[PDB]
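Q: Take a look at the letters that make up each chain.
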Amino acid sequence: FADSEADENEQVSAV
Amino acid sequence: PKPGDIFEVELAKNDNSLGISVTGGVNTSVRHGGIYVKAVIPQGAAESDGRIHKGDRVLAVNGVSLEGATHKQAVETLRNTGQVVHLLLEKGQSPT
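Residue numbers (the deposited numbering), protein chains in the order written: chain B, 1 to 15; chain A, 1 to 96.
If you're looking for bench data, these hints aren't it; they were derived computationally from the structure. C-beta: ideal position from N, C-alpha, C; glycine also. Do not take every clue at face value.
Derived contacts from chain A toward chain B, CB cut-off under 8 Å, selection only [to be verified]: (1) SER21; (2) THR23; (3) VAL26; (4) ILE41.
A partial selection of chain A residues facing chain B, derived with a Cβ cut-off under 7 Å [what the hints assert, rightly or not]: (5) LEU18; (6) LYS72; (7) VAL75; (8) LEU78.
Please construct the entire structure, taking both the sequences and the accompanying hints into account.
A: This is how it looks when you write it as structure tokens:
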């Protein structure tokens, strides 16, 4: 399942 | 001077760091990488002093050129800072 290929991390940021 | 000129900011943490929001910036995006301003959050330095506005573009993070850096890399390197802000920007659209 996890710890391998792709996760969800392509959206929007602020700082 | 050309409109979309490259400049460097030398700032530091005051209220907090920046106060700005970002759009895109993933696997490639703008040019040979690159991250883009979405809009300014009216709570911080970017508003107050007046340094960055809508559609401005970033280049280097403390001297170093981010050739092909992803959104995760760009965001992580923004929050793993501390006090001081050295960066290089390219101006987006024309102010005046």
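Q: Now look at each hint and say whether the structure bears it out.
A: Hint check:
1. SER21: 4 Å, holds
2. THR23: For A/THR23, the interface hint holds, since the closest Cβ of chain B sits about 6 Å away, which is under 8 Å.
3. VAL26: Check passed: Cβ of A/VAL26 comes within 5 Å of chain B, closer than 8 Å.
4. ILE41: 6 Å, holds
5. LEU18: OK, holds: A/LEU18 within 7 Å of chain B, min 5 Å.
6. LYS72: Nearest chain B Cβ about 5 Å off; hint holds.
7. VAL75: For A/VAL75, the interface hint holds, since the closest Cβ of chain B sits about 5 Å away, which is under 7 Å.
8. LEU78: Constraint on A/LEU78 satisfied, holds at 5 Å.
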